[PDB]
Amino acid sequence: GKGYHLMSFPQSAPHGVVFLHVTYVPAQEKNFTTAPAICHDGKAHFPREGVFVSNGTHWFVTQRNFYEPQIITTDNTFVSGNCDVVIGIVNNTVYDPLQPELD
Amino acid sequence: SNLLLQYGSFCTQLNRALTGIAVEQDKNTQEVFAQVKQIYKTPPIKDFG
Amino acid sequence: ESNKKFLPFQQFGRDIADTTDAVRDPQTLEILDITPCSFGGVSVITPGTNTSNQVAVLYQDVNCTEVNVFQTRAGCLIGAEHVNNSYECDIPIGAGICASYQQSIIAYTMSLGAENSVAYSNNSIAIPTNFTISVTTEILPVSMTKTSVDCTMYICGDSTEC
Amino acid sequence: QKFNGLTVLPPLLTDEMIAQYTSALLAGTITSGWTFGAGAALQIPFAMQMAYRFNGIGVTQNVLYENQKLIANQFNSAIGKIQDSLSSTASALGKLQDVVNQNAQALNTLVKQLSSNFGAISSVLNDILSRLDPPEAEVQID
Amino acid sequence: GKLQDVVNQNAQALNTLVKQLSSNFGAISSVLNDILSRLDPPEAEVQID
Ligand SMILES: *[C@@H]1O[C@H](CO)[C@@H](O[C@@H]2O[C@H](CO)[C@@H](O)[C@H](O)[C@H]2NC(C)=O)[C@H](O)[C@H]1NC(C)=O
Ligand SMILES: *[C@@H]1O[C@H](CO)[C@@H](O[C@@H]2O[C@H](CO)[C@@H](O)[C@H](O)[C@H]2NC(C)=O)[C@H](O)[C@H]1NC(C)=O
Ligand SMILES: *[C@@H]1O[C@H](CO)[C@@H](O[C@@H]2O[C@H](CO)[C@@H](O)[C@H](O)[C@H]2NC(C)=O)[C@H](O)[C@H]1NC(C)=O
Ligand SMILES: *[C@@H]1O[C@H](CO)[C@@H](O[C@@H]2O[C@H](CO)[C@@H](O)[C@H](O)[C@H]2NC(C)=O)[C@H](O)[C@H]1NC(C)=O
Ligand SMILES: *[C@@H]1O[C@H](CO)[C@@H](O)[C@H](O)[C@H]1NC(C)=O
Ligand SMILES: *[C@@H]1O[C@H](CO)[C@@H](O)[C@H](O)[C@H]1NC(C)=O
Ligand SMILES: *[C@@H]1O[C@H](CO)[C@@H](O)[C@H](O)[C@H]1NC(C)=O
Ligand SMILES: *[C@@H]1O[C@H](CO)[C@@H](O)[C@H](O)[C@H]1NC(C)=O
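Protein chains in written order, with PDB author numbering: chain P, 1044 to 1146; chain X, 750 to 798; chain R, 554 to 620, 641 to 675, 690 to 749; chain Y, 853 to 994; chain F, 946 to 994.
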């Protein structure tokens, strides 16, 4: 079928078979502005699974197939290198969750 | 041609088979290319990184 | 009136598969081409006896001067008013031309669909916020009717002398 | 190629409208990716579209970004050799020429059978009639 | 329509198979019990073939 497959059900027919394909069509898309990586504390941050999305002022991490924004932490990004080789990187603060417990 | 009709309907079958595959060659091109309902266009600015 | 160049001892020409093409008449030594009289099938375009009874007629690759006369690339279309629009339609004719019934039968050039210029920018994304469940069918034939035919009862049918 | 009772119908889709689909697919994948195989149209910058596609084959996306300049150059040169490999070869389209050479060749040998006796006095129909009489002509004709 | 075309082709081939039994094919008559009923054997053997 057309879309992302979920399941199918068979039905008989006089000299053939009939399938009922259950799928996805994602709908009601809203466009944002993105960035490939984020430079915080002099190192580049990439999303583990998802993308960096900006509403205009703030930056979040969402799934690529459904809008569910989350705060950018170190639990959903992985660091790789310094923020100089990536082109298109932006500036933002990565909320480390260990510091507030210690502080 | 008066003698030809004595062979029943051999002419009809031959014209039906050839017309039976003249249609498919139009169906084959449809299934391959015609998979988008909407004609997308590249933007005037081509900056793909 | 031909353009060929016969050597002055040759009478007639045969280009491919021994079909005569140019025959020089034996009185003015001029080469005259020969092309067969135009033929081709005749297709009747109907909108269904339920909706109406008007019909167009198409002549397969016959030039209209040799027969509401519209000269398509696929032949001569008689009875269909060629309009300057484009619709996705029902009756296919050929060379990108289709005809349909909308109080008359008229012809088009097929339109492949809507025009989209995706708002592509090098720092913007479009993420869905909702979804839909879509259930669709798919018909597939799996087998056809069994048949066994007796040769002798067919050819002869109870006649030992045959 | 109308010679003797033979017709060549035209294809329903002209080569101009076929070339409109393939430009509709090319303009689709390079501005969205796979999102048209599954519904509506969603933009994506081609730099991150390829970052999704390194994840698919098991390479972390930081490889692409740190090497985007090299990847673009390797891709641009790879297309450069595609045109050379076909515009100067012997026949890279040997699959398509075989289709053309079989329909034409199998049609010529259909025409060339029009000049065979099959056991009649002559291969031309109008000469059996002009030099014979009806009652036994039908034996030759059949 | 995909499953219908299968039935519409098989029942159509059979009908043209049966309709081919009622053609002279160049004999006196299309019925086999008439040639046998009005010719001697050494000349009916020609029409049967
Ligand atoms: C994106 O739109 C606005 C941009 O200001 C966001 O609204 C603010 O967001 C921050 C954190 O998200 C809050 O602390 C503020 O209280 C909000 N202020 C106002 C005036 O709205 C909004 O949160 C963002 N949208 C989503 C869905 O997160
Ligand atoms: C992102 O943050 C860093 C730090 O504020 C910025 O790096 C500075 O860039 C300017 C211009 O080249 C230099 O003069 C500074 O020396 C840099 N500071 C440091 C600590 O390295 C960077 O410009 C910011 N980028 C954006 C778009 O805001
Ligand atoms: C065959 O006969 C015709 C006439 O019957 C010839 O045509 C004449 O040719 C001369 C010289 O070219 C012209 O002056 C005349 O005007 C032509 N008369 C007519 C009626 O056409 C022709 O030349 C002869 N050709 C051969 C090979 O003998
Ligand atoms: C996603 O789409 C569905 C419809 O397909 C929305 O469901 C409707 O929601 C409103 C109230 O929220 C109800 O009045 C309607 O009865 C629901 N069904 C229809 C057909 O309208 C749903 O709200 C959407 N969800 C989001 C987050 O946008
Ligand atoms: C995007 O386009 C603009 C101008 O074409 C350019 O300045 C910028 O560097 C590009 N890349 C980004 C924002 O990542
Ligand atoms: C044959 O058709 C073409 C256009 O389809 C036209 O130019 C030409 O006049 C026609 N030939 C004759 C003898 O009318
Ligand atoms: C279609 O033919 C020309 C081409 O633009 C146009 O000027 C004309 O208005 C159209 N004719 C009709 C009947 O719509
Ligand atoms: C972004 O918003 C809408 C989606 O609601 C989309 O149709 C539109 O084309 C986009 N606009 C721009 C400037 O990209």
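The reader is advised that the hints may include incorrect statements.
Unchecked claim - Label-pair distances were calculated between CB atoms; the ranges are: (1) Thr941/Y x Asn641/R: 42 to 52 Å; (2) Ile973/F x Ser750/X: 14 to 24 Å; (3) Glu654/R x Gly971/Y: 10 to 20 Å; (4) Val963/F x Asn764/X: 37 to 47 Å; (5) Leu753/X x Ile973/F: 36 to 46 Å; (6) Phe559/R x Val963/F: 54 to 64 Å; (7) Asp574/R x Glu773/X: 33 to 43 Å; (8) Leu754/X x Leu984/Y: 35 to 45 Å; (9) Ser758/X x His1058/P: 20 to 30 Å; (10) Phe562/R x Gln872/Y: 46 to 56 Å; (11) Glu702/R x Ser750/X: 51 to 61 Å; (12) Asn764/X x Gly971/Y: 47 to 57 Å; (13) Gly932/Y x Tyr1138/P: 17 to 27 Å; (14) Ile973/F x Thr572/R: 30 to 40 Å.
As the list claims (entries may be wrong) - Here are the computed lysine-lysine pairs in the BS3-like style, where the Cα-Cα straight-line distance is at most 27 Å: (15) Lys1073/P x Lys776/X; (16) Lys854/Y x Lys776/X; (17) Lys795/X x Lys854/Y; (18) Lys733/R x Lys964/F; (19) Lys1073/P x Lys1045/P; (20) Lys557/R x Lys964/Y; (21) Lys776/X x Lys790/X.
Hints listed in this document are in silico derivations from the structure and should not be mistaken for laboratory results.
All residues carry an ideal CB built from backbone N, CA and C; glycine is no exception.
These are the hints, each one checked on the structure:
{"no.": "1", "hint": "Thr941/Y x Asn641/R: 42 to 52 Å", "in the structure": "holds, 51 Å"}
{"no.": "2", "hint": "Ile973/F x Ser750/X: 14 to 24 Å", "in the structure": "holds, 21 Å"}
{"no.": "3", "hint": "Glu654/R x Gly971/Y: 10 to 20 Å", "in the structure": "violated, 55 Å"}
{"no.": "4", "hint": "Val963/F x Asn764/X: 37 to 47 Å", "in the structure": "violated, 20 Å"}
{"no.": "5", "hint": "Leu753/X x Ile973/F: 36 to 46 Å", "in the structure": "violated, 18 Å"}
{"no.": "6", "hint": "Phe559/R x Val963/F: 54 to 64 Å", "in the structure": "holds, 57 Å"}
{"no.": "7", "hint": "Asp574/R x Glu773/X: 33 to 43 Å", "in the structure": "holds, 34 Å"}
{"no.": "8", "hint": "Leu754/X x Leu984/Y: 35 to 45 Å", "in the structure": "violated, 22 Å"}
{"no.": "9", "hint": "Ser758/X x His1058/P: 20 to 30 Å", "in the structure": "holds, 26 Å"}
{"no.": "10", "hint": "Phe562/R x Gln872/Y: 46 to 56 Å", "in the structure": "holds, 55 Å"}
{"no.": "11", "hint": "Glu702/R x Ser750/X: 51 to 61 Å", "in the structure": "holds, 54 Å"}
{"no.": "12", "hint": "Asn764/X x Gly971/Y: 47 to 57 Å", "in the structure": "violated, 27 Å"}
{"no.": "13", "hint": "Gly932/Y x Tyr1138/P: 17 to 27 Å", "in the structure": "violated, 46 Å"}
{"no.": "14", "hint": "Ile973/F x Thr572/R: 30 to 40 Å", "in the structure": "holds, 39 Å"}
{"no.": "15", "hint": "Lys1073/P x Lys776/X", "in the structure": "violated, 37 Å"}
{"no.": "16", "hint": "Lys854/Y x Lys776/X", "in the structure": "holds, 24 Å"}
{"no.": "17", "hint": "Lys795/X x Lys854/Y", "in the structure": "violated, 47 Å"}
{"no.": "18", "hint": "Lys733/R x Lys964/F", "in the structure": "holds, 20 Å"}
{"no.": "19", "hint": "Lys1073/P x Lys1045/P", "in the structure": "holds, 22 Å"}
{"no.": "20", "hint": "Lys557/R x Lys964/Y", "in the structure": "holds, 24 Å"}
{"no.": "21", "hint": "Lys776/X x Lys790/X", "in the structure": "holds, 25 Å"}
Violated hints, in rising order: 3, 4, 5, 8, 12, 13, 15 and 17; the structure is consistent with all others.
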